[PDB]
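Just one chain is shown here, as structure tokens, and it is the form deposited in one PDB entry.
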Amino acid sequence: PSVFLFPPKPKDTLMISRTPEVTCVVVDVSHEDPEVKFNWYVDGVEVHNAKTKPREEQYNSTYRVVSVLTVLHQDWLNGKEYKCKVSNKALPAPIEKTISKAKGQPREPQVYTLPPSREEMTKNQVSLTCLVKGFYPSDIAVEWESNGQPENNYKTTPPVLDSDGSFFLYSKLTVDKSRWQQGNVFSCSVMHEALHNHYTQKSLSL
């Protein structure tokens, strides 16, 4: 049997209305021995509020057992270590994993918006670009909106490591050319821990 431990979703850690969680995933749990016991530590201190998700039976005659611990936003942001100890008969010894926020001094994303190329104006849909650079760490959420409402049709690159040790990405929003020509304002909104108040939004229009 084998153990993986996953951090919270970056957006979950920055929203007042979301509750972030750390997840401990146990694979290769034998049919003969299903009882997995989890112990959870916040900075080496046991906590008790985890909940075991219902087993999933993998099709190589083994179970997957998952344990989810809700965490406090500031706890995660403050860089506390979460430890998952996994006990089970089919293991000779308990397996222990630990996770925390990426280490390194935070760096503020610069956010710039770039209008479509003139050459793209040959097409029926055009690309609005948002460049997000100089950020650390890579936990970030990017969205587009207009007139108060989310835009459906955008895609964001993964963070890419720049040569100064910070990250950058681009977000591309696609819109009907006529919406761009009519003067509509589009906005790129970025959430990141090292932004002031963890949020910024940048707008563009013709």
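Numbering follows the first chain given and starts at 1. Heads up, when I say rigid core I mean the largest set of C-alphas that superpose within 1.5 Å between the two forms. Compared with the form deposited in another entry:
- Treated as two rigid bodies moving between these two forms, the chain carries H73 and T98 on a single body.
- Two rigid parts make up the chain, and between these two forms the smaller of them rotates against the larger by 14 degrees on C-alpha superposition.
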The other form holds:
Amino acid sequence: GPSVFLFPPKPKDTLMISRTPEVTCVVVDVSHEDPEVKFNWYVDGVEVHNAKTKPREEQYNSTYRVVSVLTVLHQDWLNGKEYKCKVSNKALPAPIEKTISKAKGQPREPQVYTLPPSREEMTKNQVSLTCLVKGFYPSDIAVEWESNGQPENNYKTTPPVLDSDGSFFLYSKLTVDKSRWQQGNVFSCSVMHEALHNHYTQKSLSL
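To test you: the structure above is the form deposited in one PDB entry. What is the structure of the form deposited in another entry?
One chain, no partners, no other molecules: that is all that follows.
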């Protein structure tokens, strides 16, 4: 019999009003006998029906895969609304049901500090700009780097680490050629989190 998996919107979709977040219900392992599959979507227990379901597609193990996609209102998701997908298909005895929702917990607003590179580090070819993001809950967060215009490639972020007061912190490290840092170029760490004003803050840093 089939399998269903239920995928949440990615955080930055929920946090920007410009972008458009979606919940995705996918069923796989549906037999060739009865390829037809019905989706029922509930938001907080009431049926909704603006979901786009796409045409079924056969995979190379000779079973179909079909996906149903529901656009969510940003505020609905951020207010902890439960999204439930219910799949019916003739091979199942009882229809099967998944539910997801934003991670629970009292939200906490992160502080965002930028740390210039250590002086022992500027004897080197590349240098590291550091962004400390601490005090935030829940752990859904986005951290990015920009420079006088366009995004930066060469950065890595730590996974959220549980701190001693129950909130998370993390660090983001951006490595730049030292000649760019020495020229007074400005680099910005932007953070997106549901607990910030406007879900967005930015801290700049330069020599």
